[PDB]
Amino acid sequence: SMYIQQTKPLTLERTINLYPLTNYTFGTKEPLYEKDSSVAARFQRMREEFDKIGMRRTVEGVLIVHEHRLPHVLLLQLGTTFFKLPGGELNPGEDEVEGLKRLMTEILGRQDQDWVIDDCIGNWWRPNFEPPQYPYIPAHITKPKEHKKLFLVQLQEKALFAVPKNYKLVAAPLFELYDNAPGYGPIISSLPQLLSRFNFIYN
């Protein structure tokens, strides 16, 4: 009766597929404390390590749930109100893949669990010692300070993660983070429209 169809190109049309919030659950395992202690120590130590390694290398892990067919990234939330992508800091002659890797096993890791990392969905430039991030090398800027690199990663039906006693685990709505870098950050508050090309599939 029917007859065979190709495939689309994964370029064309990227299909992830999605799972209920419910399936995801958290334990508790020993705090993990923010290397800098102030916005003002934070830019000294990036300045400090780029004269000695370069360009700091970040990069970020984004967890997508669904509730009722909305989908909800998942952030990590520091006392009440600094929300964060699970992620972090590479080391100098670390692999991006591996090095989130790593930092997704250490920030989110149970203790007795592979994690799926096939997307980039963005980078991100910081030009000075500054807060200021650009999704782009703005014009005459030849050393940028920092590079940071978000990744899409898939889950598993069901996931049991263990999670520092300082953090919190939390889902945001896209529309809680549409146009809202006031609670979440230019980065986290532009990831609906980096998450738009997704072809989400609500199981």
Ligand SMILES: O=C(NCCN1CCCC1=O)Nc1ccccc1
The other form holds:
Number of protein chains: 2
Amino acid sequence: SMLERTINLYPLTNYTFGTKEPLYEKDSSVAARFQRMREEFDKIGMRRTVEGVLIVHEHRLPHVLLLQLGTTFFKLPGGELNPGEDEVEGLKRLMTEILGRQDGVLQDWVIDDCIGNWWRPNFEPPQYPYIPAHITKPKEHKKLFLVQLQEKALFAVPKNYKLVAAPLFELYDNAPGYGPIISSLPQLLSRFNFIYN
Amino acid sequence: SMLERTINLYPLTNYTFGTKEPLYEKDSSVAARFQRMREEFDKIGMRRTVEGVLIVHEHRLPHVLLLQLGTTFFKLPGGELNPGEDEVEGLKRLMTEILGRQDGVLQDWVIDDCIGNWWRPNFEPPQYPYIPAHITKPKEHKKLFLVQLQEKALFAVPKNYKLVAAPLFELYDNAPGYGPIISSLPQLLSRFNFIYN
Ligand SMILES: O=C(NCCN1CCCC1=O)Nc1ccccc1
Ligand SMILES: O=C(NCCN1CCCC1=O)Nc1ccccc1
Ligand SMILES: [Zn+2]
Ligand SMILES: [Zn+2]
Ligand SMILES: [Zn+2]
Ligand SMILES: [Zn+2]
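Condition change, the form solved without this ligand to the form deposited with this ligand bound:
Time for the whole complex; same chain goes first.
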């Protein structure tokens, strides 16, 4: 009769957000993005993407860490696996490439929980939390994981991004603002028993 | 690097849906419903509600079992805990009262997973997957659980209800049809590794 996973949260003021050099996107436009997805599909099949959900609290209110590219899109930290790369090692590699320190001290990433799966049927924006009817060759599969933070840490934010802490109410029913994966994080996080340290 | 929970699904044709006498709602109207919630809040505080999510497949496509009252609302099987009642024993009690057999043979209910939490701030329809800002006395707290079915079973459906199997695509982004809890089941179920037996 205690079936919820227990997750420790720490205050946002426990974390230090330093700076490092810009990290440029792999694609210069939407059209370039879907051309490269089409080219790689022909060589190695479906794109395998992993993303991390990192939580803090302020005054006992959970907040998700988002990376905002300039003043455009909000992103979760993550990216593309290489062929034959383990999903959990890969997400740890990508989070170190995005938020890892200038002084080369390693973060202690802890990943123990899957919180969802999304599939892209075509070389187009629509994504779904299932494989849609009649679709045998999805073009992309995304896997989301909860990343348990340590009590304190220093993250290095690439200079072209801002790290922003968003409360759950601002994400909720806000697909226009955040799109369909980030806007459904409130519902996906509701199963956890958060401890406010 | 295998962090997903594994869940066995069986075909819908493995299950027999018999009939029994009507099960009438506790409240004859929305106004009667929120009057009784207001009366009980004053005596025992917040309403504690539990609901079950029961999954099958047909042709390897997952479907959620829904109870439709005549041709109005779709419902998950569930209901109200009594004061000091355990959540998991309570859901097993309520599922036996709704779908338990006329011949008094017990179902073997297996409940091992929480899939979400919803909170009602006021004596009004709005519900959220978090406690909203400034709300210290929520009026209702709902807990949803995944109910693992056995390979075969006979359920007795009250005569005033139809048991319906809905695919995930029909629930997805369909709050008008199903409301905000049932329409977010696709996203909440995406973390499971379903086995299609
Ligand atoms: O690439 C990321 N997430 C995977 C999903 N994608 C791909 C294109 C845009 C997007 O959100 N995230 C990310 C965040 C900061 C720096 C670098 C990468
Ligand atoms: O009561 C149920 N679920 C809890 C949430 N509520 C309360 C009012 C309507 C609603 O969906 N479910 C249910 C299903 C079949 C028969 C009897 C009960
Ligand atoms: Zn405070
Ligand atoms: Zn895949
Ligand atoms: Zn078949
Ligand atoms: Zn509560």
